[PDB]
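> Working from the sequences, and respecting the hints, build out all of it.
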Amino acid sequence: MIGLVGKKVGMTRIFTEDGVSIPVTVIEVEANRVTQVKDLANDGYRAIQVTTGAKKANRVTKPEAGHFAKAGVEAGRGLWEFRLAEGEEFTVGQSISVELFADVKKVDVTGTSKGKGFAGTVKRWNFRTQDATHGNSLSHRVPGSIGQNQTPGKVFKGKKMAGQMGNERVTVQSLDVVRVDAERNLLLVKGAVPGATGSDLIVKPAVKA
Amino acid sequence: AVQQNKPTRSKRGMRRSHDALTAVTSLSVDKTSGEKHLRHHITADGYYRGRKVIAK
Amino acid sequence: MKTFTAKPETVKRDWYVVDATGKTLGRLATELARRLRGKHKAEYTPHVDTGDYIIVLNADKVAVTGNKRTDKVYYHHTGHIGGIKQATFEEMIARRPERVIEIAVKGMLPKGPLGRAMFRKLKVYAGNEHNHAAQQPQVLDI
RNA sequence: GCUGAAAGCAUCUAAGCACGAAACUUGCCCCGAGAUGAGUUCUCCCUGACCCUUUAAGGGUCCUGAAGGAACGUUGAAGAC
RNA sequence: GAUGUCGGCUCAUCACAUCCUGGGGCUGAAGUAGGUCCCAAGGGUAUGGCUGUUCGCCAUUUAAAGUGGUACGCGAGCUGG
RNA sequence: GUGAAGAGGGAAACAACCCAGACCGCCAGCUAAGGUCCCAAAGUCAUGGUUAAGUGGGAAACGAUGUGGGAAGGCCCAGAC
RNA sequence: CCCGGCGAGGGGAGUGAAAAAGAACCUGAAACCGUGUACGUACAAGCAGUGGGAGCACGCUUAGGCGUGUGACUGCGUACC
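Residue numbers (the entry's author numbering), protein chains in the order written: chain N, 1 to 209; chain Q, 2 to 57; chain O, 1 to 142.
Take the hints with a grain of salt, since some may be wrong.
[What the hints assert, rightly or not] Heads up, incomplete: computed chain O residues facing chain N, CB under 10 Å, no partners named: (1) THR78; (2) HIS80; (3) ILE81; (4) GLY83.
Hints were generated in silico from the structure; no laboratory data involved. For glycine and all other residues, C-beta sits at the position ideal for the given N, C-alpha and C.
Structure representation (structure tokens):
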């Protein structure tokens, strides 16, 4: 079904009565307001667009303000879309809270991973380093060979080399739901999730099931 | 390590298409002295936002 | 005197609609390529596009003789080391029926900027309906 | 394998029908409309007056300068630039 | 009027005459475990002692430690036994 | 015999093979090899057959009720297979 | 006389037949490097030309439909010694 967009608060632990420590990621899921509903007749597919949080009034552009005004909801910090599974109905201006995950027991969390910048092959692709001694000449962490002789005469597409690492969309699947706190708008999931503290997260029920 | 053919003057010009400088969009005018200056910078006479900062 | 040459800014192009149901793929394609190039016009000029706009309907109902329905294979390389991919005639019809006629006509047209321009005048639809009524296409029994 | 002739029988095959693997197409994750075939949806902004002429997707003066953008500044768990 | 030679290191890529895993026929196939042939290239496919060695022998593992092409792949990437 | 010392057309590209020996100009005509559905100039030409394998467009010993044609023979309304 | 650092280097004035003869000085070629104008160029693949050829600009013309520059698109075409 549909999911919710939240914020990464941080990591902590939950102690159970049987002496087990559960590493949990605290996700703050504020109420999500649906700003637009799409159907086959008009858009060719079924989905809902939602917003969350608040944004400075003076920093909301006129085109953005008009979009929010049409739905009759306060401006959020972004817009996200969720596909409808042939059995869901929503109305413009509806508010969705964290109670949707009351009986899910497993969710998929996706976010933007931390940015490592330009990274070498050793870090990026787990390349093995060459000898640190025994005559090695300025080739301790270099990639090494990158192809074959005249026959191909080129480097193949997709070759693993150094480049930008991190700072990209990443999804972690099948994370246990430890607790749902409607009053505090909190969702605790076992394990770690992509992104740094304060980043945006999208939570959906597990697809693998 | 080194070229096998001499690059053309056309290729040289293409590489330099990104070398053009950019001029300052506009200069701020002090409210009191009225002289032009770089934005967020003190004037040549020592003024800044019409406050007459040290000019020794 | 000099031989007449067609002018790209004064050439007349007409609109036609063709039904591909039950038509042999190859024999239909040659006629489409011939008309897209303008070979049927006395004003034909090799360096000028003098063809006509053609609309093809029911592209998913073309016919192939023999066992080509399950034996004809379409190959294409993605550019990566694995690269090589293939799909049979049956698979192409199920997924992208328009590509079957489009691919056949493309190979029958000249290669180059002008040949690419000719291909732009071909409209292929899988169904029996088109939204080009404003152009008033004329039925072409080909 | 089923039914079944050519070939009174037989036969998985010629018409027709059903099973069958980490391979194939999907399903899972990421990129993706420069997909020049450049797509779709929502919202926002601009509602002056003249002149010349080889008289048309023409040129110029005055008035006007929106939505938004850029620039600059303080900066970031973003970053070689 | 120069195309640097075996071994190792790093990084690989393709073929299928398939080493493991998957699906089958026959068996002098009771079961367990094997033999042989057919289909199958998705992924996976040892560490050490000796020697410059590839290889090989040996020790001990593994579901398996496959066979070949790529200037007997790879020194404007390293090493130089 | 050709290339060497030989251009032009054909064989996809292809000194030595096939056609054929360029004094110069022409926006004229007929032919050679080879060709005439589209790329690409000219028969979707006419009549009678063969192939179902994309054979045509790569190959052997050998194997097989694939299919067309031809000349004979054995057994058969005393009832054959 | 003027700008400039009582600079360098220039702009006037003056001399001279000539200062585009100003001492980096007769004539002042080519490679090479610039400014201005016309045309082409951001979905197109290779000895960069050649044959065909639209459009645009411009000079003509008793509209004489030609000349000059540019060259969308298209056939052919792998430098020289």
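> Against this structure, judge whether each hint is valid.
Going through the hints against the structure:
1. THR78: holds (9 Å)
2. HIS80: holds (5 Å)
3. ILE81: holds (5 Å)
4. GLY83: OK, holds: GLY83(O) within 10 Å of chain N, min 9 Å.
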